[PDB]
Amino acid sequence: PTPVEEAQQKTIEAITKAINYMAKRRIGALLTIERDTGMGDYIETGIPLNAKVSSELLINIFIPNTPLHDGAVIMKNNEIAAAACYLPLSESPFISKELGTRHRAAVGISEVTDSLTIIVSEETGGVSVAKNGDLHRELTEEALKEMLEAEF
């Protein structure tokens, strides 16, 4: 495997470990992975981190009632670019009516970029992904990891 591929695998491991931990504890989270459409306009709305990824940092960011927990984390490649970022809210009628702003923001960014966004519900602990305007709910750990692997 090349260094790029190994770095990708480490980043996917860090993300899945963090999401799994947050899902178990019903810690709401919103994590957007930039792909080929640049997200600088949204990154610039948040608090700049430009930090190396770790499962530990991702978890610490989303702890309830902390400065960084509200809004999206946006990742670029192997870095956490910014936290507490704004994303546009989708008006799609295919978002389950019981879902709140984190899911609507995720679908919203996925309507205007090729990004992949992961959402942890604070209500149920369910994990979903938004991509290309569609929300896929109730993912197993295996499904999320396979989705991430395919995105890279």
Contents of the next structure:
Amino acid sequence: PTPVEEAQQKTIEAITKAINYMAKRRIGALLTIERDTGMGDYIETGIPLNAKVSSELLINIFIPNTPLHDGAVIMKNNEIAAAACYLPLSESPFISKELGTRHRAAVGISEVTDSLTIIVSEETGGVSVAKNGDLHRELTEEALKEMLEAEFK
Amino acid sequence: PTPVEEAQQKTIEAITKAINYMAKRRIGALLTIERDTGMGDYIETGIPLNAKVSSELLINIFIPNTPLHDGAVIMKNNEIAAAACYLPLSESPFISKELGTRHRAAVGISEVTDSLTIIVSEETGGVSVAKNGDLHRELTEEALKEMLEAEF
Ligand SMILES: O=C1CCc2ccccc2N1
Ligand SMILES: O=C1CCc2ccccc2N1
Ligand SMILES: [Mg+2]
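Now show me the form solved in complex with ligand VN9, since the one above was the form deposited without ligand VN9.
What follows is the whole complex; the chain from before opens it.
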């Protein structure tokens, strides 16, 4: 592997480890990975971090009833750009009706960007991904990893 | 004021807001501010963040029973360099016997650096500072802010 490839895999591993912990504890989480469409306008609504990715920091951000847990983490250029960011709520009538604003925010940003958003449900610990206006629900660890690898390829 | 001075004031405001929040809730915390003696050896023992300072991130770091809460946060200027860092434990006999490892780690790093370390006690909520081998306990909000402003 090359340095860039090793860094991308390290980030994927850090994300999957954090998602796994939050799924087990049913910690709600919203993590958007910026791609070609710039999301500076949304990054600026949150608390600036520009931090190195780690599973530890991702977990610490989303602990319930803490300053940073409300809103989205947005990643950009292999860093955590900001936390507690606003994302637009989808008005799509085709999202499962049992899901709340976290999933609607993920779908909403995916309607106006090429980003990939990961959601952990606080009700079930289920893991889903929003891209292109669609929500892919009930993902296994292997399925999330495949989506992250496809996105970065 | 220069941009450097304004940035320093924002970082002091972030630190004091976080310390005040944690003291009221008995959230133990250990926060070392690097000065002219470089702390790279200790930064490298923790989880790298290299993050912009905010009161929110400082609070989130120290929440009990989380990955980042055990060990020291080390700050470099206006960044949180790393969390969950090792610091050496002082053997000074002038550390109150009831105090635990966070206070002994703070005095310990203060004996081999010119850093300023802030400690929040999870037992009492008391705020203390270690500097040059001495621990100063039970600081008021005003006293802590004045110490930080004097440190910059
Ligand atoms: O209030 C709280 C604090 C801690 C926590 C951890 C994991 C899931 C839910 C909670 N709720
Ligand atoms: O992406 C992921 C992360 C790990 C995980 C654990 C348990 C159920 C589903 C998942 N999916
Ligand atoms: Mg006194």
